[PDB]
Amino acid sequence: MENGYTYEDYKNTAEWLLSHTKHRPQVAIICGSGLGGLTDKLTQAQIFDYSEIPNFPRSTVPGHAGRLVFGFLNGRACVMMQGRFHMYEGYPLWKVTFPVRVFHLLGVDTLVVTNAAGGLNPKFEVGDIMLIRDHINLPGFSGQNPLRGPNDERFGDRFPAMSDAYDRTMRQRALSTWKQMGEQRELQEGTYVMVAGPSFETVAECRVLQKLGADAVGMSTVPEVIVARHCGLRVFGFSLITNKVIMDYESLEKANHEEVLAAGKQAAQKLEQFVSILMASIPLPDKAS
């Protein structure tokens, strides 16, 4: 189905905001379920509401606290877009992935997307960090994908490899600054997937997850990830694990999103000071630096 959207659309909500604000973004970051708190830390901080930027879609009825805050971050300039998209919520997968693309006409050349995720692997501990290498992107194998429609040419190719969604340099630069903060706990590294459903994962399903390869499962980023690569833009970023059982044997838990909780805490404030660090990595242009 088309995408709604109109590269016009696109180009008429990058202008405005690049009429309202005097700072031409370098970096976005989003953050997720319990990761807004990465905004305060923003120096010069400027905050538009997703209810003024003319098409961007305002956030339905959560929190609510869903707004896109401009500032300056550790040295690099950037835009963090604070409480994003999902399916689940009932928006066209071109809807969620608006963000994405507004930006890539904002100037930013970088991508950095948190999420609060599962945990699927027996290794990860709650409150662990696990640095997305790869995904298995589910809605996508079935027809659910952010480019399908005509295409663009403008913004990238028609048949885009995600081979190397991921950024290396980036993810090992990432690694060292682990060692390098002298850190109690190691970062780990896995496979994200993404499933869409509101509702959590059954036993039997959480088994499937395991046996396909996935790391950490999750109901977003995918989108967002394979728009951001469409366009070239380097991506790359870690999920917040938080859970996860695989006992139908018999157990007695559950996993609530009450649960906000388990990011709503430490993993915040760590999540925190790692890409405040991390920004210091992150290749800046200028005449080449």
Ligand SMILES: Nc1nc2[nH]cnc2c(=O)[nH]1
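If the one shown is the form solved in complex with ligand GUN, what is the structure of the form deposited without ligand GUN?
The text that comes after this line covers the one chain and nothing more.
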């Protein structure tokens, strides 16, 4: 089953993208539930809705918010994805991941991946920010992987490693910075595990997920990271912790992400600022030092 997308298809989409924007971004950022809020911060912002870009997986049903805004965020030139794509939505992983491949041909060397997890480690408060340090791809344990097909050496190897996925440096460099800004609560670090399907994890499941030694759980970020690294992109990311998964038999109270009122607002604002002062710590190709 090869990818319905042929190399010329990306070429095409990059080019296009590169003939409609005087902008050459060095960083792609992927925005997650209640986090497209970061696109307000850009400067020289230039917005293109998927619908409009030649082969772009167009968005489904949930709302009018999902487009590609180019701009300037603190010194570095970025591309930002508002509204990503998930497996639950019906998309083959060669669709969720398409963006990353074009970003490659734009000329992006770094990618920050945001998301809003469920925490599973008993020391996490809704509000927390977790530096993804690692992942657990269950979907991939079974062949649900974006690199599943004939390989495209123009993209990468056949068997890329992942010990290594989320940069040690941008991870040290992130840790330091939370010093810098001198924040209240701590900037967690843990493993991120993915789970596909839309319904939520029951309680035996929350317990497997936790015995597997995961700290947050969600329905995104691993496909995109894998094919990001396949391509040699520098990857680092964070998780906004919204829920706090029940590992005991009880009457859940909970019902939202950010919908309620400050749930995503409050905690989402701090990561948006964090991500924004981090642009500064990301090496600049012109390594003219």
